[PDB]
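The chain below stands alone, shown as structure tokens; this is the form deposited without the named molecule.
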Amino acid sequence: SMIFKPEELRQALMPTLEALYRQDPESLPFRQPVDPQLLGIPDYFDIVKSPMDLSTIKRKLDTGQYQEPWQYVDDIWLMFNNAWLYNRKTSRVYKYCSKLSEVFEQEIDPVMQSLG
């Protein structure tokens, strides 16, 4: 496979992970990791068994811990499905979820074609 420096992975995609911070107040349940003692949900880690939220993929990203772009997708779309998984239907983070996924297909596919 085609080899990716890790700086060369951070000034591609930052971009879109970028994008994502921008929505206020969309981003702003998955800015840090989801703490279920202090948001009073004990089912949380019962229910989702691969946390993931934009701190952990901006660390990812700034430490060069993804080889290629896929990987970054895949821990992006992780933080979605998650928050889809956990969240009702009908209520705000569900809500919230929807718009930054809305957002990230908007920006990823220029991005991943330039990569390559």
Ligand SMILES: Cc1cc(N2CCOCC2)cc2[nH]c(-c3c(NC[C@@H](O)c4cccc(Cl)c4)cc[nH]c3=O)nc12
Given for the second form:
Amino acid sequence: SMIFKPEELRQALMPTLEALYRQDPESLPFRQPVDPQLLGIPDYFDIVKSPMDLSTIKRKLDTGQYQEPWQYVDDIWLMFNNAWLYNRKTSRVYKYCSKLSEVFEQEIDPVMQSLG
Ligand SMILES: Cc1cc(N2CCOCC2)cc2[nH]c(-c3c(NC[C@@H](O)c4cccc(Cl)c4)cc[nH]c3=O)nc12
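Form deposited without the named molecule done, so how does the form deposited with the named molecule bound look?
Up next: the whole complex, starting with the chain shown before.
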């Protein structure tokens, strides 16, 4: 119920978002919505029911669609859990995801503390 100003959400969370984008090659599979046809994985939507990626998250931050920062956390973990569900433990994407998730856990905590 406590509502955060959309511009306070941007200044606080956008550095945490840049931290994942800057991971290269690990972030590349995550920067745009998964396109099953274009990638040749047409079973993707039979398995992933709520897709999510960095461009959608950033667009929500840019346009003030999050009311409080834990919705941002939600979308980021949903993005990770989607990739861990779909790709096999031995795939590059799966390990790319784990890297991104290590980057996120190491930097989100002081940011969420400052937001109160
Ligand atoms: C740390 C961690 C490790 C792993 N492992 C790596 C992959 O394979 C083996 C397991 C999976 C995780 N799943 C989630 C998770 C969420 N975390 C909140 C946490 O960030 C958090 C909690 C309180 C305050 C803050 Cl500031 C931040 C939230 C919603 N849904 C989630 O699934 N956290 C995971």
